[PDB]
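For reference, the chain that follows is the form solved without cytidine-5'-diphosphate, supplied as structure tokens.
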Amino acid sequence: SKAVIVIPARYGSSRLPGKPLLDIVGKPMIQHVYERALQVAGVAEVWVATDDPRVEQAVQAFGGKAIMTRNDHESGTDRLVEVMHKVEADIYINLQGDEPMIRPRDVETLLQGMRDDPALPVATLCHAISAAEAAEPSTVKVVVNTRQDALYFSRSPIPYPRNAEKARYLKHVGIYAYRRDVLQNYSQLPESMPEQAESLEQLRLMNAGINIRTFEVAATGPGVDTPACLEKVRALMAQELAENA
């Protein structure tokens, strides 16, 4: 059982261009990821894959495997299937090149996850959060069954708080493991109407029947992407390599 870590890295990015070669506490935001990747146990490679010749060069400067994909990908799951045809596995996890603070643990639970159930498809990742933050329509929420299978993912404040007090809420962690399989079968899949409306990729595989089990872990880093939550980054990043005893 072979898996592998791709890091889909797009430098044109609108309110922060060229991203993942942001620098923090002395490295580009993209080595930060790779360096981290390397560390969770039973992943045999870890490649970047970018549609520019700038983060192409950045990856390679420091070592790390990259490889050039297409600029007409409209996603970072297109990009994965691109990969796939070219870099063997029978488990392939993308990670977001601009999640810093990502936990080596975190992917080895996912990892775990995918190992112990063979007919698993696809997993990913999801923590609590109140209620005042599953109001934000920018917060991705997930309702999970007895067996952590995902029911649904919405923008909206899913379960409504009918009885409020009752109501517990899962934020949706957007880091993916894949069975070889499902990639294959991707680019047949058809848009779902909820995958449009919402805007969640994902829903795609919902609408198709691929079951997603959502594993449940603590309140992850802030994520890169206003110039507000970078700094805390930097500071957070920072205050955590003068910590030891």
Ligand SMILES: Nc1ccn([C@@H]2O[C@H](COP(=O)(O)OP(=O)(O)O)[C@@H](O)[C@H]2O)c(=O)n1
Second form
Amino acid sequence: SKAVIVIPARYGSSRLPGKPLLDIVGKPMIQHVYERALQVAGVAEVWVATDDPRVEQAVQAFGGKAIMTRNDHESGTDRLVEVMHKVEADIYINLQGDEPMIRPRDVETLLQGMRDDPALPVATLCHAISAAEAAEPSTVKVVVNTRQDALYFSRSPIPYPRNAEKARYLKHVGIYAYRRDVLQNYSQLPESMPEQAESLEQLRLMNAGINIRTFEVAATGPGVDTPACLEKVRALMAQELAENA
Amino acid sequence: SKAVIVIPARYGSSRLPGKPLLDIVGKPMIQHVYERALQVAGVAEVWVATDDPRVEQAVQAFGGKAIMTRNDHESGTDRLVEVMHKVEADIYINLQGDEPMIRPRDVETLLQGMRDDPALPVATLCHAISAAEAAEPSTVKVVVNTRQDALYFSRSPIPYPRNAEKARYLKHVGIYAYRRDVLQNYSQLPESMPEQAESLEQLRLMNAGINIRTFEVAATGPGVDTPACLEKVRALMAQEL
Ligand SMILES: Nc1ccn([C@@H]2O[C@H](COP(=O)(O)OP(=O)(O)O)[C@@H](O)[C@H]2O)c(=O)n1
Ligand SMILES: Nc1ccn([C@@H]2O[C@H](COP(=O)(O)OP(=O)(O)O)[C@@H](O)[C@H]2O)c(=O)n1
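Cool, the form solved without cytidine-5'-diphosphate is there; where's the form deposited with cytidine-5'-diphosphate bound?
Now the complete complex, all chains and molecules, led by this one.
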């Protein structure tokens, strides 16, 4: 069972032009993700999928593997489907190019889940959040059954707090593991109404009846979208280098 | 494939004591539901499951069949499980005793769905509602997939309207059809966190991984919970003559 990690890294970004190239403790952001991806046991290769030559050059400059993809891609999943035809594997893991604080152990949990159940098509991550955080539409909530299979993903607070003290919220962490066959049949899937309404691409899979198992992990580090969080990542990243002395 | 209709009708109610016996244009509410249930093709028997002797006698008075059940049940679903042991069938349809405006056609759609797919454990109904109506916590929303299987039931407006013009809403209509095996295993199912938070008993089934197919019908008539709704139903059933 061969598994590879693909890191989609688009340059073009509105509030952060050239986001993967931003410096964090002397290295571009994309490098931090790549270095951490390399620490994941059981992975054969790590690739960076991009549509911009400046990102491809930055990646090659530190010796990483880069693959140019079409710029007409509407999402990180469509970009992964194109990489799938060229890079062979049984399990593809999609890592965000803008989350430099990813824990290698969490990706291993995801990979072990896939290997422990050959019938599982897709696997993703989640962590507990408070009711106050769950109120934000920018945060994606998920509700699961006893087998930890996702029932639904939403920007609306789910479950609804009728009996508030009984509610427990789970935040969806955008890291995915796909079986090869799911990606091969992906482009044939039509867009769903819930997907278009919520603007959550993962609902396209749920519409087609494709099961998505969600594994729970500890609260993850802050991502990078706002320059307010960027400074916290830099200080948090630097604080980490001094701790491991 | 024997199918039976069970109408849970306890005497008590916080807002309308003795609800099943309330008069609606000459007949107690329970009789209206029972008579409409009798118009459903493909059903072998119709039973009223009750906890009170006054309800039982009223049903027998008009010629219907009634069965006494325990008074300690918390839901009509639990009451149905007790009946399943006494009345043998392959498919059990659970009708609300306080929804006298039920269309026999809608119950037939539900029954046909169960018969068209032997693997289907549970089936229920739903109908389109506006975005304004979906915002109400008292209205239960449901989201389905291409095969019309429910993904989740919630009091929250789902799907979330990020792109408002793309969102389409469905309201869950509390009528259910259960395969016998589901009812035999019901008492073993643990309550779920989502069930307790939302206060929706059907989430106990989803938690256990039991599939629930949702069939779409036209907007339904109002139920009778408050004395205000009772006056509206009386008016609606009067002009319907
Ligand atoms: N059309 C797109 C959109 C996102 N992506 C990538 O997929 C991940 C998730 O994107 P995102 O939610 O942070 O939104 P943006 O990165 O586009 O600002 C990032 O690594 C993106 O660069 C992509 O490769 N192609
Ligand atoms: N403990 C209970 C609660 C409801 N029910 C029945 O289930 C149906 C719907 O009840 P409901 O929960 O929606 O509202 P209530 O009738 O309980 O006030 C009615 O026909 C009730 O008589 C029951 O048989 N036993």
